[PDB]
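What you see is part of a larger complex, with each chain still in position.
Per-chain numbering from 1; labels A, B and C assigned in written order.
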Amino acid sequence: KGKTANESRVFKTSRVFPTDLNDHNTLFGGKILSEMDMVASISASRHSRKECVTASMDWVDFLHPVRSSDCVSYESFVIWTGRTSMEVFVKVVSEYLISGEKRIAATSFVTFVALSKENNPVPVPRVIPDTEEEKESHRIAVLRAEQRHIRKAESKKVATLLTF
Amino acid sequence: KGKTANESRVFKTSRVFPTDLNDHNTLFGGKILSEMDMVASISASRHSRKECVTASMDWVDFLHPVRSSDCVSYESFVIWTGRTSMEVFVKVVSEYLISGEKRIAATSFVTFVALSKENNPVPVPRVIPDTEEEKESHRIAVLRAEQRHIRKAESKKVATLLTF
Amino acid sequence: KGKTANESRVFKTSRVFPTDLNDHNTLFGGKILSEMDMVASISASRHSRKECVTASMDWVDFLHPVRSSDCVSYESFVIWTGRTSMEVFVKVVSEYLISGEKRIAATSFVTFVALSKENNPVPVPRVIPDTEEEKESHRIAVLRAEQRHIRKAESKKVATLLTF
């Protein structure tokens, strides 16, 4: 059938623990990436109701730092779907505990592929964008889903050229 | 002044813990993304001898699943430098315990920027690619750095349209 | 200077990891308890915009199991205030991965107290219930608070007769 983007929306707001802070009192980029993928993998399975796997991560720019005085929240939902794969948009917002001042520290698209119990890609519902914002994000996702093939190709190129 | 690429090479092999396996008995991409950033940040500070901050992560294609029957290894090192930014390359290899066979699970570049105590971009030594493979990876790190301005324009755009 | 209950509302959806499961593939009650306080503390500072300390945890009944086949969601918000304290409501929703089925696995009230950098209870804004659900939860909260002095006197006595 077909599912609304909001059917797969996932929210997660966390505290900023010292473990994840580097020397400059800002999160390690990895912490954010690990979390983006995590919250997105949940969106992937909510939409597909299948056991998903992460195929790719779109480039990510860390627009602002997220410090200990901050608070991070992630939001994610599926916006674009292929036959077997789906693109999950992820939004990361930091919030000052005393000010309330929020600001988006990073965003990205994570691609997931639904698999059968025997590693066979499996059809996935279609997404249907409601909000005006969701429609814009879907347009962007459409364009990002086109370069996907070039990227993969470049990735396979670097691989073969490499030593283990 | 000048610093060999290998003078910042960083290794790391770990087992695959159940904690990080999805419902398909494979690693969450997030786990790998975090390790790539982690290991890469060490390379960055080893080279700059200033503690660094991750500025952005390049696109990442998860070429092969990493299972509990494997163990992952991460290799990373600087292969490009600007004034205060460094392009760090990272490769991920999966190794089958009993068979002994390896596979590049993924690769990428993570851009780090060196900062002062007062959080200001500070100069960083130039990197000197020795090996043929290093030269080729540097040849590529260059193309990536050349597109960093448009990649950022793409991100700043999405952030702009987002409402939170 | 009166905040709407929704201004302190906090969400979090997580997967159910093996580490938090006993031999019945059900979460340890403790895991849920920990996440309730966490999520409720973020609500407390969202609303008080001060760092908060948890004063007491209302009694908690684990109505249903939370298996590896589910994902857990936590929702919380300030629903009652005194002078320097807040009663934060928290609801735990268990959702079935492949079937989309949901149930409340538990609910509770966590009481937080705002403190100054000198460990002194500081005044906190008043909370305003909007929806019917919020108005109802508020009454339940009013009742809970009407008896906290008793609960505490009971706790103090037990500590009294204890040899450590």
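Everything that follows uses one rule, which is that contacts are C-beta pairs under 8 Å (C-beta built on N, C-alpha and C of every residue); 3 or more make two chains touch, one makes a residue touch a chain.
Shown are 3 identical chains; the number of copies across the whole complex in this structure file is 6.
The rule is simple: only the chains that are shown with their structure count from here on.
Comparing each chain's Cα centroid with the centroid of every protein Cα atom identifies chain A as the most central. For the pair subunit A and subunit B, the distance between C-alpha centroids works out to 18 Å. The geometric centre of subunit B is 39 Å away from that of subunit C, both derived from CA atoms.
The residues of subunit C that reach two or more other chains are 97, listed in rising order.
Remark: subunit C residues 10-15, 38, 41-42, 45, 49, 51, 71, 97-100 touch subunit A in the complex. By the touch criterion stated above, subunit B contacts subunit C in their complex at residues 18-19, 23.
Interface residues of subunit B facing subunit A in the complex, by the touch rule stated above, are 22-24, 26, 28-31, 33-38, 41, 51-63, 65, 91, 93, 102, 104, 106-107, 110, 115, 119, 133, 136-137, 140, 151-152, 155-156, 158-159, 161-164.
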